[PDB]
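Taking the form solved without the ligand, here's one chain by itself in structure tokens.
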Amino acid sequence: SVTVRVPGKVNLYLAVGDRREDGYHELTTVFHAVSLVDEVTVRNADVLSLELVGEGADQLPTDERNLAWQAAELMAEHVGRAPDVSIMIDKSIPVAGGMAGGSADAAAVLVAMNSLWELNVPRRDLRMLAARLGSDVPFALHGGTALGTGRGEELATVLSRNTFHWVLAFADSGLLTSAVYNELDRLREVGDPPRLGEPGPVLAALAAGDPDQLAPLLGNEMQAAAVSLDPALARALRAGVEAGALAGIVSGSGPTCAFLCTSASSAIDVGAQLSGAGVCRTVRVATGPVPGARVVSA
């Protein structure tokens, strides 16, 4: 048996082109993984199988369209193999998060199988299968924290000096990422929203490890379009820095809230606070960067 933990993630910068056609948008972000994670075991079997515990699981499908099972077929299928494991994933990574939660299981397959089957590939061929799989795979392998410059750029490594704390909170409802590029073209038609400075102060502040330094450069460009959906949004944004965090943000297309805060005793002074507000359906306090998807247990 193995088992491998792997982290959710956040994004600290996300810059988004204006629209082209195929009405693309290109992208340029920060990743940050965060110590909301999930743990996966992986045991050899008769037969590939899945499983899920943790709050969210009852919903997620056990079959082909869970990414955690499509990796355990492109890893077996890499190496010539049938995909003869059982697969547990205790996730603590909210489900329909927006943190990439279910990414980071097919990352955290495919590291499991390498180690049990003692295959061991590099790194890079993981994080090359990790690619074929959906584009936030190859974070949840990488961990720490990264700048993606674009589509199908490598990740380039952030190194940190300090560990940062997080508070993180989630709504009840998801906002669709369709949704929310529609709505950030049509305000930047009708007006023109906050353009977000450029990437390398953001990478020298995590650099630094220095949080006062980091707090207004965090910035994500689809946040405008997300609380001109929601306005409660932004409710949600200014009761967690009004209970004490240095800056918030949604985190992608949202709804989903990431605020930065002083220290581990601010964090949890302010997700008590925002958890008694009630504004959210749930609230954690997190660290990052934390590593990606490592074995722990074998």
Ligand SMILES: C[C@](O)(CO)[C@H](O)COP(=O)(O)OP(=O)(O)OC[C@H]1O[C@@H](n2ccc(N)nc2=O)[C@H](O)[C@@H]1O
Given for the second form:
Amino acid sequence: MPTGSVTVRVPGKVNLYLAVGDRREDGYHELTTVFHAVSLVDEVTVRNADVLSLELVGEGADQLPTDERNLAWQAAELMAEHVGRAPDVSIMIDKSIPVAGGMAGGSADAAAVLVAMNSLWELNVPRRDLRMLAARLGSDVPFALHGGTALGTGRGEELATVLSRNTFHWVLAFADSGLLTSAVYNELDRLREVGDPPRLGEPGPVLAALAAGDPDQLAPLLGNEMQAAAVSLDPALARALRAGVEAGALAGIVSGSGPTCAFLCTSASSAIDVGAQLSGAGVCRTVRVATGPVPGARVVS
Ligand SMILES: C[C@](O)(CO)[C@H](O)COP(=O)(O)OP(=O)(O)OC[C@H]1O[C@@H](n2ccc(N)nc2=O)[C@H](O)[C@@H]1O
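After the form solved without the ligand, can we look at the form deposited with the ligand bound?
Once more the chain from above appears, this time first in line as the rest of the complex follows.
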């Protein structure tokens, strides 16, 4: 019967700051990160149906599974189970977060499914239950629910919200192929065995520049301890980082293990010109402008 539909908009993210602790056993690394949600988004529409189904549209959407191995599918199952229900829902995802872009689009979709089902079934399970479900689903789901900018400590503990005085303007560029996050951690571990790569300061100055809304202040503090390793596995990333800056960006970094390179610019006009130049210059398959921070998963219907 029921018939209505709920759509939830949810953003991709970039890492403005990433410190990576020394390898533990069993083999993991403790991460400290400043997450920043930006205006490349997916929209996820959920309706009552006879059985659970999932469909995706948008560039690259045809690469993605539409069964259990999709995190948005797992989210519906977990959300339904949480409230003792069958996940009798159909899910349609309009994808504009670049696929395999390293912006955590799968985790964004999972978070949007939680929020959408909450509203469609008129439940209001509390935000803290959604966060607990997000954490079972995978380590980037919680931030997709939180959005804006947050500091995360990698310990299962609560994200710390950071507010910004003004909006920031980015160019995001995506390589034609990503790297295995496994390969990047191994290469990080190796470079730390044979040399002394860049160790970042603690994140307080990043937070203070974000708070000030000041891109000239934030630009030189952007940092990623995985970057030297990504750049050792894919040396073109170094030229690409230079081109973005030559094109007029304040600074660029690789986000996470890649493929995103994120370039902070001084303004919307400036981001449009840097993006036009980069796109013209051929270093990257895809170039897009975005702003941040933007909100996490929210109903927009
Ligand atoms: C969350 C990220 O660390 C960065 O966005 C990555 O997406 C990695 O997450 P993941 O691949 O789901 O993590 P797992 O499935 O447990 O294992 C992937 C491999 O990446 C390495 N890895 C991942 C996370 C982490 N904090 N430290 C680890 O060194 C692990 O050695 C692991 O063998």
